[PDB]
Amino acid sequence: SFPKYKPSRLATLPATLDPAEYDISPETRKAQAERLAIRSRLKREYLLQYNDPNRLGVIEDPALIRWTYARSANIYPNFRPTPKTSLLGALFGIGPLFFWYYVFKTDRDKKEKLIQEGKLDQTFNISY
Amino acid sequence: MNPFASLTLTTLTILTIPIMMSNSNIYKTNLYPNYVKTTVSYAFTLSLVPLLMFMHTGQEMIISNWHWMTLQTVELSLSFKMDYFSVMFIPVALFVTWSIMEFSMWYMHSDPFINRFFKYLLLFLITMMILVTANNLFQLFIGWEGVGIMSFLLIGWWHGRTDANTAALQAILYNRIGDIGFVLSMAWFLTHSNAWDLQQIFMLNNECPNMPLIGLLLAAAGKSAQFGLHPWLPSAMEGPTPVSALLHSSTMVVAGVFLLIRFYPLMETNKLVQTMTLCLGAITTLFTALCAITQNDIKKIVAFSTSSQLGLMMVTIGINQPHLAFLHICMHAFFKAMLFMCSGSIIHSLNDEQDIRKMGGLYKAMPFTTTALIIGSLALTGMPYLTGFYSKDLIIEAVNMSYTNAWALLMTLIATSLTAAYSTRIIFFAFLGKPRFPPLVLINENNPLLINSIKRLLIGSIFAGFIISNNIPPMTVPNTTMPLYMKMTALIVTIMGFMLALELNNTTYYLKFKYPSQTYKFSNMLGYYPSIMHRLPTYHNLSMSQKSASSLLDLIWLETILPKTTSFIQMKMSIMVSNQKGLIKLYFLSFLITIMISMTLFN
Amino acid sequence: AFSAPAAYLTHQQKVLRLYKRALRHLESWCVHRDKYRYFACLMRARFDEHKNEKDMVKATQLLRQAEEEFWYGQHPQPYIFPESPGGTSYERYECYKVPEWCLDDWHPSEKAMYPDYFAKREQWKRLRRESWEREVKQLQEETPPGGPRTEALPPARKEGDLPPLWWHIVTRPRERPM
Amino acid sequence: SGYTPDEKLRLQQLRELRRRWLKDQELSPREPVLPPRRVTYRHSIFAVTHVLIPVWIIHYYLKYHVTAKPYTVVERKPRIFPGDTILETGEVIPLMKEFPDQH
Amino acid sequence: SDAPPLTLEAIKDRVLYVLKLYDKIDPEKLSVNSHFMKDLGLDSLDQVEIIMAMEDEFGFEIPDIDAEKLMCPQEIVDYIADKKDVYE
Amino acid sequence: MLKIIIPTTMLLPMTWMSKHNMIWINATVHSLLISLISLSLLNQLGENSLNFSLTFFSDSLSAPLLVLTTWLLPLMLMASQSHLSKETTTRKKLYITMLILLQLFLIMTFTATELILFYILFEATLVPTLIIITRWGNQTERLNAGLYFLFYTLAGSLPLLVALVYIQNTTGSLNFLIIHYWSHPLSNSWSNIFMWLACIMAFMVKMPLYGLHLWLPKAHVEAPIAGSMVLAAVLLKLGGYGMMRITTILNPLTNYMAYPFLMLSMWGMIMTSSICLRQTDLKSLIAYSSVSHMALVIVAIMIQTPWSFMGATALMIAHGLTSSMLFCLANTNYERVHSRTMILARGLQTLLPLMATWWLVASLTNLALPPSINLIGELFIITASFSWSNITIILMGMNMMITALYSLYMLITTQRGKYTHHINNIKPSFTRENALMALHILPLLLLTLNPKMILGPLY
Ligand SMILES: CCCCCCCCCCCCCCCCCC(=O)OC[C@H](COP(=O)([O-])OCC(O)COP(=O)([O-])OC[C@@H](COC(=O)CCCCCCCCCCCCCCCCC)OC(=O)CCCCCCCCCCCCCCCCC)OC(=O)CCCCCCCCCCCCCCCCC
Ligand SMILES: CCCCCCCCCCCCCCCCC[C@@H](O)O[C@H](CO[C@H](O)CCCCCCCCCCCCCCC)COP(=O)(O)OCC[N+](C)(C)C
Ligand SMILES: CCCCCCCC/C=C\CCCCCCCC(=O)O[C@H](COC(=O)CCCCCCC/C=C/CCCCCCCC)COP(=O)(O)OCCN
Ligand SMILES: CCCCCCCCCCCC(=O)SCCNC(=O)CCNC(=O)[C@H](O)C(C)(C)COP(=O)(O)O
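Quick mapping for you: the protein sequence lines, in order, are chains A, B, C, D, E and F. The UniProt record's numbering applies: residue 2 is where the first sequence begins, and numbers increase by one. The UniProt record's numbering applies: residue 1 is where the second sequence begins, and numbers increase by one. The UniProt record's numbering applies: residue 2 is where the third sequence begins, and numbers increase by one. Here the fourth sequence stands for residues 2 to 40, 64 to 127, where the numbers follow the UniProt record's numbering. The UniProt record's numbering applies: residue 69 is where the fifth sequence begins, and numbers increase by one. The UniProt record's numbering applies: residue 1 is where the sixth sequence begins, and numbers increase by one.
By construction, these hints were calculated from the structure, which means they are not laboratory data. For each residue, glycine too, the CB sits at the ideal point set by N, CA and C. Any given hint could be a false lead.
[Said to hold, decoys possible] Straight-line C-alpha distance at most 27 Å; calculated BS3-like pairs for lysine-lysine: (1) C:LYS15 / E:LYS151; (2) E:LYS97 / D:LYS9; (3) E:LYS137 / C:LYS52; (4) F:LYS427 / F:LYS92; (5) F:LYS92 / C:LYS98; (6) B:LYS547 / B:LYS300; (7) D:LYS101 / D:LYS121; (8) C:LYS126 / E:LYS151.
[As the list claims (entries may be wrong)] Selected chain B positions facing chain C (in silico; Cβ < 7 Å): (9) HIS159; (10) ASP355; (11) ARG357; (12) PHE513; (13) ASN524.
Pulled out of the complex, with its shape left as it was, chain A reads as follows:
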């Protein structure tokens, strides 16, 4: 026996180490055959559109339009106010602002107090 490989999000499971691959069955074989049939149909359509000498333009890719539309224009109509979404939006849109405001305010009050007491040594500080 040898030490076992532990998969992670950024280090996925190897293809040859998946327990599902070695569990062969007629249903799995049929599913793979159908997947390859779909891929073959799409490839045949693309090649038929590609090798045509009359075509003098790009081949429109409905997958690409669907991807771009879902990324950009389909976000809001499917949005729902949810405790997860409300809390995450509030956090990532408000917390950093107040955090940086507190940091800069504390720094500037410290600097102003030091100036008022005069113990800052601002000699040669001409350009501002």
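Let chain A serve as the given structure and place chains B, C, D, E and F with the ligands on it in line with the hints.
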């Protein structure tokens, strides 16, 4: 009058003429690389004169020739500094660059865009010369960014390769991380010292505070590829071999170290920053040597050796010996450039093969490269009276004979041992065993360009250390008295590393095979630093950039708050107001209610 | 690369792939030729101990522990050929690969040079044009109803016919165009 | 395993077509039809068009323009050692304190 | 580079050379069109070893899906010629 | 000042009376001549200003903006001449009329000795832009974009007008000179706080602020090439000019009230720079880059120091030129591809090398590479912010890093790699497009030789 200024500006000026002629007809012919090489050689032999004048007299200058914008009490001008550092580093860089272009004449013989390659090399040289001679921080920043952009362009020379573009972007990312500290230092210096000139900065800072020096240290770590920001230098070997030999081995990568050399009057007055510099250099050299001692790509091994030498330079800066670090820069340029040239020659001879597992008997198959690589390895590890001795031996003596940290000294010694280890690894795995290259032998060296370019740097790597050490004036107190055992610490450490690594490598012939240990996996995978740090942060950034920044706030909540709420409220109010069935009974009752309210409320 | 993929990998294909990977990684581990030869023959003997095995469940149990052992000792920095998908020169010359249709946009002064080449190109374009209508018909009449099942293209069956979808396979730029 | 007969035939036809195309890619001896139309010595001219003229321009610009304004070019004030004399003044720096010389 | 423009004659010469150095095959019984599994009585593992020999001889590695269906030396030379774009 | 206004007005009669096939040539020639005429305004004084009359005056803040506005029109005409080829003469003349009207309104706005006249012209610039966006736009969303680009602006600008007239009731004059010479401190009161907000948010909405930047990606994406050029180059600078002109009376209340907007800009620059990293559209990415740069300009203006103002002026000029060039390059890609998606067409350096060089130069100048004026403005603002507070340097450096990252990402995705195989309609770049790129880029590298020309009145 005083030809020092005329010559020292003429060198940099004539370095720019082929860039002007790049739009002429000569750029479209095959004589352009010869034009550039001749220009560089003439620039070197012309810059040899200010060096002679400095060695004779010690003459230094500041040439503030052109006046740029003046901003209230701050004046910005085109000012060049011609101290010892500039007048010494310019000839060495020009010599190395001349050798590099002579080598690239043969190495890039089949590249269609060879004139563009030579133009890029010349532009990088011009930007580096701008960086070295700069007298104010803005010109230094101009050079800092020019060399980085040229490195980005030259790493991704083959833009059809995904990995080249990835490496170029990696280098840009790390150099911008250093740029953060560089800009911090510039801002602090302008705000407090009221100037970016070196003279005023040195004058008004008798006891320099922490922040500007920390910014300078961050910039130096970014550009010199210290441990925190190291992997871009190993990854930069995607570019052509001349690029790896010129930029990422001898000239560009020392720039950050040079920066810390330029601000040494402020460096010596601060103790915490010196300790940070020494620790960073020690950890960098140790880690890079440990990663080097187990690599299979020869170019990767040479790059890791360069990074280890940079860490040693940073240690020397940290122990308050800037001049010795400059001397180390001068010697390292010579011998590391020649080593990379030998590697490129071997690479070309074996039909673009880089892994050492396919390189066998070359001691007799190619003799000139063999002797050049042997001399270079001996100089790098440190052989007495060679070019590497006059620098590295003094580095070791200064480290041993001064008030440092014990751990940094230990890591410096172990790094020296590991340097010997990877040198003997390269020699053994590439020159000693039986041949392992494909049967079609295409080994050839009969070309005057390659031989001349290698032999010039060979003469340099043999004589330049002695000549320069005996020519320059003394700039520090020597360690004239030493323990006898501590005088030979570097030599015995190097010999022990040589012998131990040779004995370990000789056991590969044994007909026994065992699975690797954890230390081998850790050292071969670069401490696993390139994996995690190039997968965990980036993803966690990019995902956020689409999940929170792009979709959650920009597309949903910012849209929900101002526009969508207004639209919904206006639609609801319009529907409520306009939805009247047209029955005058309701309108008349509302009018009666309004009349009653007006009579009972407005009086 | 050229051959169309199959719906799945058979057991013999998997064991051959494991044999190839294991021998390559052993050669990566064993730098010297004699050591590699000895250990590769030892590995071949270890592999051919179970060649005659017949039980399919035991066969699947085999090659699986073998793949795990291979993964444990897979030489994390294996040898890769320069032009291979992991090599140092994988896509060096992809920046010099220019499409053939770019020549259609050349200036007449540029086409004045190399006239024989453009004449041959005109013959090629006519041949592609006359040929294409027939190729579509062959594909239409030869393709099984319900769409293709495997992305394998049939050859030409008549005399004057040409292999369907041949233009962009014949007109590859080069392996080293410049 | 191996090629199917249809695969064999298709590979043969595609390979012969590819070979024909590759042969067609070759050049005839007259293919580069270039239209002509116009409107020590090498080093000797190079050293005067690339070195001497830049030195002349830079020396003129430095001596007659840059040095006109104050503090544009600043020297190092070369070292003064005992036993030296100054051209401007002619006075001689006095010698040192005669330390005991032994080994 | 300085690499000579190798021809199919050279490719077939080198392939036949490598196959003749294979001691499991009698050199006097081998042929250009001689099949591996039947005419020479070679196992599948021996075929993949031949593929490895070709890869280490020509300096490039053939993808496994293409390698596993190469059955005679003639097809191997043809495949290498298509890979390297050999004219004559 | 009428020596510039009257030729711009005569540009209209000339266009209408011009032959059906000579409109573009006449418009370009006379617009370039008017730009040459307006070049004379660069000769400023260290004294007050160039007070031509009671209605119009010039300043070294107004002069570079006026020069850029006059210079933009020939480039806009050259860019628009391509996609309007199949268009009727009357409507092409209408397009040129809209461009001329926009230029005239901008020229009169940048002088504007009085604040009510400034507001009138500053809101008059809205109508031609809305017409251009909603008429000569390709997508169906253009109308929506127009609505946004309208109402946002008015939502900020209507209160300002009220504040303006209120000031004239209290101060008695809205003339800039009298306002400067008779400025009095603002007491920290709720009424003064709301007057500050009314005076400020009108210009903050058009920069735009990070919270109020929603309209900009829509308006930039759905507008034609000329609309995108004029929006990115000049129309965004109106808010900065108004803020620099109006912050004189807002002191000392600016110190307290600057905090929310300073925080919003300092975080929104990071937010938009990160948004640029994950973007499937070129125009949207350029728009978000513009948002980041204008957020930096907002920070500079709110800091209210001489170095802040100098860096702000330099950054506005440089960003205008750079964004116009980037939009032009994206439109040149789109006219061949008709998809406007980064990942669709790739490896264009192989097919169009000179255009790849133009792309590289545009990306470098957007990356703030020294000694470009982009870097000069960025560095001046960074130094002023460091003087304001030493902790801002972290956010500024992060912004620089992400800016370089997304700039080189844009360059590499479109120029490097392997070309798309099925795309075959990529014709060689025309002389017009190359001339447009050169005329965009040369002024930047010439202005870096004379930075004081664009550093503003506080130089
Ligand atoms: C005061 C008196 C002064 C004198 C003192 C005495 C003089 C010297 C005494 C000798 C002492 C040891 C010298 C032998 C070195 C070992 C070489 C060896 O046998 O390697 C094979 C062997 C494994 O080989 P393999 O896996 O079968 O590889 C398969 C083939 O060989 C694959 O082969 P390949 O063809 O791929 O490549 C072969 C390559 C590949 O070999 C490797 O894999 C290298 C990996 C091990 C060697 C690295 C040693 C350097 C140590 C620096 C560590 C700094 C601290 C790091 C902290 C780590 C924290 C986790 O090997 C080499 O080329 C040579 C390797 C380096 C040896 C030559 C230089 C080392 C001697 C210098 C050490 C001290 C003298 C300094 C002198 C100055 C005076 C003070 O390595 C080991 O078994 C490791 C031995 C030592 C490792 C110590 C680190 C263990 C860390 C674990 C945790 C520790 C606690 C941390 C707790 C933290 C909690 C927070
Ligand atoms: C949405 C995307 C961005 C859009 C623009 C956002 C920026 C606008 C925000 C305006 C800045 C804040 C407004 C008022 C700031 C005054 C300072 C105050 O916050 O501090 C304390 C003020 O105390 C409390 O804040 C009282 C006010 C509380 C009521 C305000 C609601 C708080 C959250 C609402 C946010 C919604 C804003 C947007 C509306 C559409 C100090 O207490 P005190 O010394 O006594 O008062 C000093 C002022 N005096 C002298 C005139 C009296
Ligand atoms: C993109 C959308 C941005 C919208 C901008 C809105 C912010 C501007 C502030 C709200 C409008 C106020 C306009 C006031 C014009 C200035 C006049 C003024 O300040 O005079 C004050 C008047 O001040 C007021 O009356 C202001 C009252 C506000 C009424 C309208 C409320 C609108 C919404 C307020 C909540 C939002 C606050 C922040 C909005 C920021 C935008 C997001 C003095 O009044 P007197 O009676 O003359 O004093 C005598 C005694 N000394
Ligand atoms: C350093 C890397 C370490 C890697 C470690 C790897 C360890 C390997 C251990 C292997 C263990 C086994 O035997 S796993 C054994 C897997 N099961 C079988 O092989 C059953 C039937 N075999 C076949 O059918 C084959 O195709 C065959 C007949 C061989 C040829 O067929 P051909 O006629 O088509 O050539």
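Hints, verified against the model:
1. A C-alpha spacing of about 25 Å is found between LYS15 of chain C and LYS151 of chain E, which places the hinted pair at or below 27 Å, so the restraint holds.
2. For the proposed pair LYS97 of chain E and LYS9 of chain D, the alpha carbon gap of about 25 Å is at most 27 Å, so the pair holds.
3. A C-alpha spacing of about 20 Å is found between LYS137 of chain E and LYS52 of chain C, which places the hinted pair at or below 27 Å, so the restraint holds.
4. Straight-line distance between C-alpha atoms of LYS427 of chain F and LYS92 of chain F comes to about 26 Å, which keeps the hinted pair within the 27 Å bound.
5. For the hint linking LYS92 of chain F to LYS98 of chain C, the alpha-carbon distance of about 42 Å lies beyond 27 Å, and the restraint is violated.
6. Between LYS547 of chain B and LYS300 of chain B, the direct Cα distance comes to roughly 38 Å. Violation of the 27 Å bound is thereby established for this hinted pair.
7. Simply put, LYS101 of chain D and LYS121 of chain D have alpha-carbon atoms about 25 Å apart, close enough for the 27 Å limit, and the pair holds.
8. Annotation: proposed proximity of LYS126 of chain C to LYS151 of chain E holds, straight-line Cα distance about 25 Å (limit 27 Å).
9. Taken as an interface hint, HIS159 of chain B checks out: its beta carbon lies about 5 Å from the nearest beta carbon of chain C, inside 7 Å.
10. Interface restraint check: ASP355 of chain B against chain C, minimum CB-CB distance 6 Å, threshold 7 Å, status holds.
11. At a threshold of 7 Å, the smallest CB-CB gap from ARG357 of chain B to chain C is about 5 Å, leaving the interface hint in force.
12. Evaluation of the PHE513 of chain B hint against chain C yields a held restraint, the C-beta minimum of about 6 Å falling below 7 Å.
13. Below 7 Å, beta-carbon pairs count as interface contacts, and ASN524 of chain B has one with chain C at about 6 Å; its hint therefore holds.
Hints 5, 6 from the list above are not met by this structure, while the remaining hints are.
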